[PDB]
Amino acid sequence: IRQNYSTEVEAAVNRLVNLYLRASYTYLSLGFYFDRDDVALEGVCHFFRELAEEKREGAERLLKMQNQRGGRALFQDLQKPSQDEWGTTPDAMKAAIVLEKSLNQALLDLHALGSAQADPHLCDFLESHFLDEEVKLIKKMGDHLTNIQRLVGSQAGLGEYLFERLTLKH
Amino acid sequence: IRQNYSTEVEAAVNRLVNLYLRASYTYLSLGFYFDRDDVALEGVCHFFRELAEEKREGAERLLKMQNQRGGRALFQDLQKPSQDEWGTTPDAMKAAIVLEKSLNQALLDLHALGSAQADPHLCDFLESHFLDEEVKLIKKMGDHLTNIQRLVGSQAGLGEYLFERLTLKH
Amino acid sequence: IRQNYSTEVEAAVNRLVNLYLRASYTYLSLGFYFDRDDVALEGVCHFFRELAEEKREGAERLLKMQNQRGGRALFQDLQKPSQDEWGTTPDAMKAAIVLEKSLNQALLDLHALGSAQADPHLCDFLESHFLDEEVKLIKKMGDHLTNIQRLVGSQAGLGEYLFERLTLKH
Amino acid sequence: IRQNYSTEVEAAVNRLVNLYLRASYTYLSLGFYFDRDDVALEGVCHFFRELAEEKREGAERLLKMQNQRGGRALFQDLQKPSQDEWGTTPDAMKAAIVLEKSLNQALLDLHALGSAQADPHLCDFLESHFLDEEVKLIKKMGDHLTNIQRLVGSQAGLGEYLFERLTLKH
Amino acid sequence: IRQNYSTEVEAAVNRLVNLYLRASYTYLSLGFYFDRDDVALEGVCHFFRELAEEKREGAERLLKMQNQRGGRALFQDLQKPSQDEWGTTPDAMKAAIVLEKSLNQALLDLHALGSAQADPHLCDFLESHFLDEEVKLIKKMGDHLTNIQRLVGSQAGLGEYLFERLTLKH
Amino acid sequence: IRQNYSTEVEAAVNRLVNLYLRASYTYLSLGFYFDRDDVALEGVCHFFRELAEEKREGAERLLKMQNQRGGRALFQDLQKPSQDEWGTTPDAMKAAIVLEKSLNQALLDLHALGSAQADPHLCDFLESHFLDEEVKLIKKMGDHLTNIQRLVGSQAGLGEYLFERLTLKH
Amino acid sequence: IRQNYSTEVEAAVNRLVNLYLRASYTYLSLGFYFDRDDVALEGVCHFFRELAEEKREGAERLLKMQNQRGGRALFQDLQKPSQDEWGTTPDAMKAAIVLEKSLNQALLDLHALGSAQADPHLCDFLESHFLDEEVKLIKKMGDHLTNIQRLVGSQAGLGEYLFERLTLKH
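Chains X, U, A, H, B, Z and D, in that order, are what the protein sequence lines are. Sequential numbering from 5 applies to the first sequence in the deposited numbering. Sequential numbering from 5 applies to the second sequence in the deposited numbering. Sequential numbering from 5 applies to the third sequence in the deposited numbering. Sequential numbering from 5 applies to the fourth sequence in the deposited numbering. Sequential numbering from 5 applies to the fifth sequence in the deposited numbering. Sequential numbering from 5 applies to the sixth sequence in the deposited numbering. Sequential numbering from 5 applies to the seventh sequence in the deposited numbering.
You may find that some hints are simply not true.
[Said to hold, decoys possible] Covered by chain X, per the in silico footprint, the following chain B stretches (three or more residues, Cβ under 8 Å):
#: 1; segment: 33–46
#: 2; segment: 155–168
[What the hints assert, rightly or not] No more than 30 Å apart at the CA atoms, straight line, and that leaves these computed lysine-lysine pairs for DSS-like:
#: 3; chain 1: D; residue 1: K173; chain 2: D; residue 2: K84
#: 4; chain 1: Z; residue 1: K140; chain 2: D; residue 2: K140
#: 5; chain 1: H; residue 1: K173; chain 2: D; residue 2: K98
#: 6; chain 1: A; residue 1: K84; chain 2: H; residue 2: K143
#: 7; chain 1: D; residue 1: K84; chain 2: H; residue 2: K173
#: 8; chain 1: X; residue 1: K84; chain 2: U; residue 2: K143
#: 9; chain 1: D; residue 1: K143; chain 2: D; residue 2: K98
#: 10; chain 1: H; residue 1: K84; chain 2: U; residue 2: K68
#: 11; chain 1: U; residue 1: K68; chain 2: A; residue 2: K98
#: 12; chain 1: Z; residue 1: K68; chain 2: D; residue 2: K173
#: 13; chain 1: B; residue 1: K173; chain 2: X; residue 2: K84
#: 14; chain 1: D; residue 1: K84; chain 2: Z; residue 2: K68
#: 15; chain 1: B; residue 1: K98; chain 2: H; residue 2: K68
#: 16; chain 1: H; residue 1: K98; chain 2: Z; residue 2: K68
#: 17; chain 1: Z; residue 1: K173; chain 2: B; residue 2: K98
#: 18; chain 1: H; residue 1: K173; chain 2: A; residue 2: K173
By construction, these hints were calculated from the structure, which means they are not laboratory data. Cβ coordinates follow ideal geometry from the N, Cα and C atoms, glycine included.
Using the sequences and the accompanying hints, generate a full structural model.
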């Protein structure tokens, strides 16, 4: 069935799967960090546990597409998250933005590769399911970071609690 | 009907009933302290009045089991709570954690006794209705304490109000 | 907020709380005695477990009123019930009547104190929530005692069973 | 599939199946004895026919677990019940308690064996589905026996009828 | 909040999280292998994708418990699955059984550790959420393997199709 | 109440109860054999577990009739099933037919006895609840055996699976 | 239309109609005896008035069958019941059993006649609508008699009342 599907794109898709699964693992670690009894911000834990699910769904979508095109999924080891402890809510949100911008750059790099290989199905796939989702998420995180930094500028403890209660918790 | 039910476990079960009823009485005192017009934290009062009910239900469960096994319930005087006034919300939550950890230790001690006497019904009973309930409650209280301490670090009065309104009250 | 609320009434209200909680504890012991496998009268157990709840509710009502008036709740040790074993159904009902008449006398004594201190809120509170409830309960217990004594006059075992099945159980 | 499942536990489980099926057969005989036109206590017949079903369900649960663990069910002859006629209601209830205590002892013996063989699945299985069920049933039978003996102390015929009508029949 | 929670159990729980997440990753690879256009067994893909979810849920449950006890989650790299291609349906089912038996052994090892450290909450937790789930799953896989081997003994291609259509697909 | 009910029929009815209970036990063994992880034919297990229930119901009906007529139920030991392992699906179905034909012959023998003793209630009872049920069941089993033998003539493993999936399973 | 219908069976059917109508009249007398203000057992009156209806329905069924076969109904005088007063509840139940056994014997005699005349429609008719109904009713009456005799052994007046209230009345 394989048609117009380069080995370069096939390999890049496998690398992107690894990146999405790595991101999901990072968000799992963020979520459980905020579930610690000495951290205890349920809204923040929920926000990150939801993102862990969204990243896993992205990997799954890439894998389904890989098979649709007749490429072969190849899994690699998943690196552990970059930190064991994630600091304050603004620290964590900054780390999440860095992470999402790195995924976004990988998406843009793959889109450029597909464009060079004249693979319009790949380009459409990324546009339909990834590019706008990423931009929306990065905007949301940037808005959150602005709100948290505004809050913790005034008084740190009070600010983090108010943000978790009035923006994140549902 | 009595079978495989030691006098040691029977007596220890009666002591545990006293401990649970003592805890219930302590939570009654905490609840009404937060109902004072010069304290006036309704969410906190409700949290403790609910725990007074949960402790009483635990005593009742122990008593029902005592009869099921053919042991004999023996009631003792109930000591009054350790304080008449309970201070600030963090003071009260710390006292509650100390209390719950003491009940938990008594549960673990009884489990060890049942294990030594080869009383698997007793061990199962504690596992099914007490051990996890206690761990969950202690986790919840620890989370609350972290949130209150974070809040009152910034500004004490404001912090206590915000916690009562946005975490406890329903 | 305190207005027209004497220290004498405040202290007497605290003593009445202790009496109601003591009564609740007595009814808990009666209820579990009738739950023993060698006693086994479920209707009787239920009757007393329900009264344990009603007495606790009375204490709670007194405590709420104490705070409403700006008095301060002070808890004391709770004495254990007067017996460990409660005999036959008529023995138990007689003990319950003695108990309820002692609470009633304490209510009448407090009403007289409130009347002497010209505290009409206290008098109304006792009238609305306590005086008639007590009279109704004492009447019910007296009716039960007459029925049980009539039954156990004929044949003791048969009588106790019939009373539990046809009057108490639901 | 077999893992951590000793030959000792496998054989003991087969013996316990035989014991439960023997008990079921005993309750079948009790039920039909009370269905005799010259005995004629429908409530008593129903109570025992229901227990015959519960014992069979216990055997079935043991057999399902045997296969789950990769053990092999081995059936043996089922001994007939110890009596052909079961006497009065108190005679029958006493025989039922003796029977249930013998099953309970077999459960405790198997639990001890599983504990010695470090077989926590077996221990959990007995705790979840057998230990508390047995204790509850023995308590119920003990309560019934107390009620019947209280009734037949007064007048035998009248007592047995009243018990069947007002406790057992539904 | 930490009470009766050893550093040995804390570390072993972290290792078990890694094992469950590794298993989930293995099942993800199995699922997508059966989704290849040159393999194309949808029922088999679904069976393994469902198990990938169940393993992830197990890891999540362990992490929640770790925090409940006041332990600290520590994540490690996740090894890639042992194969890139999984052969025939019987090959894949055999590999799944080997995997599940390895998880089961790790559960039994942790239970033994908890038992030695006198940690009854840990033991109950494993019994309630892991031990029986594993035994049930291993039984199901063993049943599947017997059916597939019976089918592919007769005629390989026909057998694999029939199994996927009539046992797995829904 | 006994009228026109011979001692010969009474004894023969007791023997028939034993035969039906023996048959029920045989079907229990067949059912669990097909539940073994190395046999694993759920449809076959269900078919036999359902027949175990039907045989038990037949015994129960005989016992109820015994009491209705004023006869006395007398239980004997129940012999274990003739095999521990039941072979292939056709082996098992053949054994079931042999069993049912033996019950049928016992029914015909009892009918002949009732006819000789001029016991028309007995004859009607067997006609209403046993004779046609047996003929229908034997026909069903004969149809199943023809289908299984037709299937395993072609290819044994494939045949047994197809029969279990497309005839028996629901 | 008459076919295979002997004059002997025709006459015997007419005699059986007379017997059923006589029985109905007897039950009418029993019912109204228990309705006397100086007897006053409503449950007993209802039981017998219901049987008067059942006997009349039996006569009606015989008459319909007589016409179906082309026989000719011939009515005779109906003898009054054997007593004007029926004594105690056990006296009445004994008389009812004697009555029902006499009807049953007449049914058995007619069945034997039909069998000798090779009249299978007659035999089937008696089996379908009479033989089992009679056996069930006799069993019920025997059970009632056992219960009443057990009750009046203890204390006569109390026993009769309890039986009427707790077994018969609805």
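Hint by hint, here is what the structure shows:
no., hint, in the structure
1, 33–46, "holds (count 6)"
2, 155–168, "violated (count 0)"
3, D/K173 / D/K84, "holds (28 Å)"
4, Z/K140 / D/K140, "holds (27 Å)"
5, H/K173 / D/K98, "holds (25 Å)"
6, A/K84 / H/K143, "holds (27 Å)"
7, D/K84 / H/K173, "violated (39 Å)"
8, X/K84 / U/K143, "holds (27 Å)"
9, D/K143 / D/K98, "holds (12 Å)"
10, H/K84 / U/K68, "violated (36 Å)"
11, U/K68 / A/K98, "holds (25 Å)"
12, Z/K68 / D/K173, "holds (25 Å)"
13, B/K173 / X/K84, "violated (35 Å)"
14, D/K84 / Z/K68, "violated (36 Å)"
15, B/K98 / H/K68, "holds (23 Å)"
16, H/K98 / Z/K68, "holds (25 Å)"
17, Z/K173 / B/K98, "holds (25 Å)"
18, H/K173 / A/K173, "holds (15 Å)"
Comparing the model with each numbered hint stated earlier shows that hints 2, 7, 10, 13, 14 do not hold.
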